[PDB]
Structures are given as C-alpha cells and as structure tokens.
Amino acid sequence: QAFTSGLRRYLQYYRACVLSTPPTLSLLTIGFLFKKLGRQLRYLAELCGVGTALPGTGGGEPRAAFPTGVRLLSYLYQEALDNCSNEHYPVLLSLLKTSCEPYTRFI
Amino acid sequence: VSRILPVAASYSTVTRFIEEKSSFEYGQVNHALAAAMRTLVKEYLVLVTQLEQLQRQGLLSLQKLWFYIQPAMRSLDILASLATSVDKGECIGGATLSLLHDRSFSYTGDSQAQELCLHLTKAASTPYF
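Chain order of the listed sequences is L and M. Numbered as in the authors' numbering, the first sequence ends at 536 without a single skipped number. Numbered as in the authors' numbering, the second sequence ends at 388 without a single skipped number.
Hints are computed from structural coordinates only; laboratory data are not their basis. Beta carbons: idealized from backbone N, C-alpha and C, even for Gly.
Residues of chain M clear of chain L, computed beta-carbon distances all greater than 12 angstroms:
(1) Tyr285
(2) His290
(3) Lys301
(4) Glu302
(5) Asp346
(6) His360
(7) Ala382
(8) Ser384
(9) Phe388
Here are some chain M residues the structure puts well away from chain L; computed CB gaps all over 10 angstroms:
(10) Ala268
(11) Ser271
(12) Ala291
(13) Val307
(14) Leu310
(15) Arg315
(16) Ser340
(17) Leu356
(18) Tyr387
In the DSSO-like style, the derived pairs of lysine-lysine whose C-alpha atoms are separated by at most 30 angstroms in a straight line are:
(19) M/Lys323 with L/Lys464
(20) M/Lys323 with L/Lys526
(21) L/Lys465 with M/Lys323
Please model the entire structure based on the sequences and the hints provided.
In structure tokens, the structure reads:
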C-alpha cells in the first residue's frame with residue numbers, strides 16, 4: 430500500500446515534469462532528459478516487472494515480478510541500503526524514508 | 260477520459276445514494292450520515308467548479324486532469340465503498356456505529372482515512388450517542 434502509493438504519487442510528479450515540456454522536443458534530447466529518469470525506472474521496474482499484455486519486465490532487467498508482502502519491504506530496504514544515490518536508488522531511498530512514516534504508523 | 264471518469268461514476272453513485280439515504284425513515288443518525296455525504300458532495304462540487312474554470316483557462320490534458328483529481332477520486336472511491344458496506348445491509352443505529360468504528364480501524368492504515376473516520380463517527384453518533 431505505502432510503497433505503490435508512493436510509486437503512484439512519484440509517477441504523478443514525474444508526469445508533471447514530463448508534461449511540463451512541449452511535445453516537439455528532439456527524440457535524443459528527450460531521451461537524455463529521461464536518461465537519469467530512465468535509469469531510475471529501469472532500477473525500480475527491474476524490481477517491479479509490470480508487463481500487462483505480454484507479462485514480465487516493466488522496465489530495467491527481465492523483471493518477472495516484485496518481492497512479496499512486507500518481504501517486499503525487507504528486500505526493498507536491503508536494496509535501498511546497498512543501491513543508494515542513483516536515479517532510482519536515491520528515489521527509492523526517499524521512498525523508504527517516506528515509508529518510515531508508514532513504519533511509524535505500523536509502530 | 261475514462262480514467263478521470265472513474266471518479267465521475269463513483270460520484271454519480273454517491274449522489275444517487277445520498278438522495279436515496281436522505282429518507283427520514285432510514286434514521287435520524289442515518290439522516291446525519293446523509294447530510295455529511297451531501298456536504299462532502301458539495302465540497303467535491305466546489306472542486307468540479309474550479310475544474311470547469313480551469314477548463315476555461317485551458318490548463319490540462321486528460322491525464323493531467325486525472326492526476327489533479329486523484330486525491331478527491333480516492334476519497335470518493337473510499338466513500339462509495341463505505342456507503343456500500345453500510346447501505347447494502349442498511350447498517351443503521353448502533354449497527355452502523357459499530358460499522359463506523361470498524362471503518363475507523365480499517366482507516367487506521369491511512370492517517371487521513373482514520374482521522375476522517377473519527378470525525379465523521381463523532382458527527383454521526385452525535386444524534387445516536
């Protein structure tokens with residue numbers, strides 16, 4: 430709940446950034462403008478695997494899926510501890526610091 | 260458009276439910292719940308009027324509109340779920356108060372939901388309590 434609510438809101442902010450630009454940007458320039466965003470998506474979706482019509486990877490590596498339950502919280506916390514200060518690693522770090530508030534409520 | 264429309268369908272359900280539940284025979288505390296639902300609908304209507312004014316200013320795409328509606332859309336979906344849980348068996352009286360306490364417990368996961376549950380429980384139980 431907290432993790433993917435964070436994902437939805439962060440994607441809303443990302444969509445604000447994406448729609449903030451004109452739709453007539455150079456394809457290479459836009460790709461570079463999302464290269465860090467692309468790295469963040471690849472790192473997060475490698476832990477997500479959100480293919481719908483053809484299931485499997487939703488970005489990043491061949492992401493079959495995401496870890497389960499609060500075991501997904503455990504794997505995500507360990508990953509965010511190791512993979513830090515990157516496109517998704519800092520994004521995931523901020524998301525984990527936010528879910529600490531969900532952890533505060535869980536307390 | 261359909262993605263934004265989920266809130267529209269939920270609100271069409273909520274408005275019809277509020278009109279139906281506004282019957283006095285459903286209960287005085289039930290009347291208070293219907294009044295609270297109508298006030299929430301009025302706040303959503305104020306938001307929709309702001310949305311029409313922004314449509315007059317031309318500051319969205321369909322996806323951006325859905326993104327802006329997302330907070331109120333989640334609240335309306337939660338309200339529709341709660342209304343279904345209540346009125347499907349017509350939880351009225353202290354059965355509806357127990358349902359309200361259970362809803363506050365189920366909203367303890369989301370702080371806004373828990374706070375709104377406590378506040379609305381106070382408002383509804385004011386007649387019954």
